[PDB]
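**Q** Residues per chain are reported as follows:
2 protein chains.
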Amino acid sequence: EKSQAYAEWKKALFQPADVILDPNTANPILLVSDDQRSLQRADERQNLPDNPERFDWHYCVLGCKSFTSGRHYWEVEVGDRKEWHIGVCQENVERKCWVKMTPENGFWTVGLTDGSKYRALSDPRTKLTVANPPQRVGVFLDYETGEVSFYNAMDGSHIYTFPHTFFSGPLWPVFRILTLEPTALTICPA
Amino acid sequence: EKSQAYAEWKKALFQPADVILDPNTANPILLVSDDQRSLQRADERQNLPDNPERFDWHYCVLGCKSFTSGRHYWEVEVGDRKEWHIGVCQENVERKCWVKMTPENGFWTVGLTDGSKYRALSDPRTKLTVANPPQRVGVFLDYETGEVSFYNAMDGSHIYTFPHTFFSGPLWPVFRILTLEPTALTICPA
Ligand SMILES: C/C(=C\COP(=O)(O)OP(=O)(O)O)CO
Ligand SMILES: C/C(=C\COP(=O)(O)OP(=O)(O)O)CO
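Respectively, the protein sequence lines represent chains B and A.
Heads up: the first sequence begins at 324 in the entry's author numbering, then just goes up one per residue.
Heads up: the second sequence begins at 324 in the entry's author numbering, then just goes up one per residue.
The shape of chain B in the complex, shown without the other chains:
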């Protein structure tokens, strides 16, 4: 059973992350749920303080915990949301000015545009071919081997693995949404 083997694999090798959204980091156009599990976009930017930790250009928010070591996974209910990008980024990313979200710029993210265009946000972007659109996505980090990978968390099918790299400093769970859609992104608890 592919669900069973996915469950047994993630349990054997990856620490289960309990990820909550940090509204202090969130671009002003983002709405973070009271339980800090769910992410929607506002109509327009809210008036929030431009504290140094807040994303002011990218429509990004971070988790409340970073990783400097170990294997970690978390799963995100993306449901039928037609646009979303998730993964990890370095503590030291540019949060204020425009930069391309690329591994070179400290972002390892994949996701969906316009309902049907899956991409890895590599440089240049990798067009994914996804036979079964995921409803829940597992994010898998191995700090020591520089590994960031993504799976369909319902059927265990692989989506994308970045080239193995070298990480500098802490890695944060990162979430980006560009559009207004009925379906929020929701983090599954550990």
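Treat the hints with care, as some may be off.
A pair holds if it fits inside one copy or across any two, identical chains being indistinguishable in the list.
The calculated DSSO-like cross-link candidates involving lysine-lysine, where the alpha carbons are at most 27 Å apart (straight line), are [said to hold, decoys possible]:
(1) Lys419 / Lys333
(2) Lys423 / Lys325
(3) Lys450 / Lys325
(4) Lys440 / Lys450
(5) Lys423 / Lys440
(6) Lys450 / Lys405
(7) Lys333 / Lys450
(8) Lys334 / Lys405
Bear in mind the hints are in silico, worked out from the structure with no lab data behind them.
Guided by the hints, dock chain A with the ligands onto chain B, whose structure is given.
**A** Frame of chain B; chain A with the ligands shown alone:
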């Protein structure tokens, strides 16, 4: 550098397998080189014994040693070949009658058809998008987690990961070539 990270990741996690081909398993249309590292195809079936372990239908050959446990990798020079498939199969796969080469039938393989069509031999087959056609492919096995994955061995880019599974019995390196063409399939030594 992605090559260096690829080298450090296989060193951290995977035991380098020294794979040689077992000519007694090779379909009678295949030629195994005397050093048992290279594979070619004949114009017709040659006259060989139909010993039980020989693939009579599928243009396959196994390695000389199996895996019942652990993390293992080997790399295969596919060069400019227009057709090839490689991966692992269970000891108990059908050798004589036709079976579809699928995980359900005990086969975990990916490869190339008609020079440009990269596929995983899932059921259904998964169409791959590969930006840089590999000359050398890394095959990565984790027996315990039921993981088979494939990399471009030269630049470290990921090709394909099968859904995690549960293996039954020993796994063998398997190699398949269907075409009569100038470039051999060559295994890289450990
Ligand atoms: C406006 C915006 C993001 C769009 O960035 P880009 O337009 O660079 O596109 P992508 O390839 O999706 O990163 C806010 O995060
Ligand atoms: C004739 C032959 C193999 C072709 O099998 P199939 O025609 O099932 O094709 P594939 O999807 O490539 O496995 C001998 O191994």
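**Q** Please go over all the hints and tell whether each is borne out by the structure.
**A** Right, here's what the structure says about each hint:
1. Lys419 / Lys333: For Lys419 and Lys333, neither the intra-copy (35 Å) nor the inter-copy (37 Å) Cα distance is at most 27 Å.
2. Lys423 / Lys325: Between copies only: 19 Å across chains, 36 Å inside a chain, cut-off 27 Å.
3. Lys450 / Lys325: Intra 25 Å, inter 20 Å, cutoff 27 Å: intra and inter.
4. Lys440 / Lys450: both (7 Å within a copy, 16 Å between copies)
5. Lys423 / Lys440: within (18 Å within a copy, 31 Å between copies)
6. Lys450 / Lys405: The answer is both: 16 Å in one copy and 23 Å across copies each meet 27 Å.
7. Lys333 / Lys450: both (26 Å within a copy, 25 Å between copies)
8. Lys334 / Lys405: Neither. Shortest intra-copy (30 Å) and inter-copy (39 Å) distances fail the 27 Å Cα cut-off.
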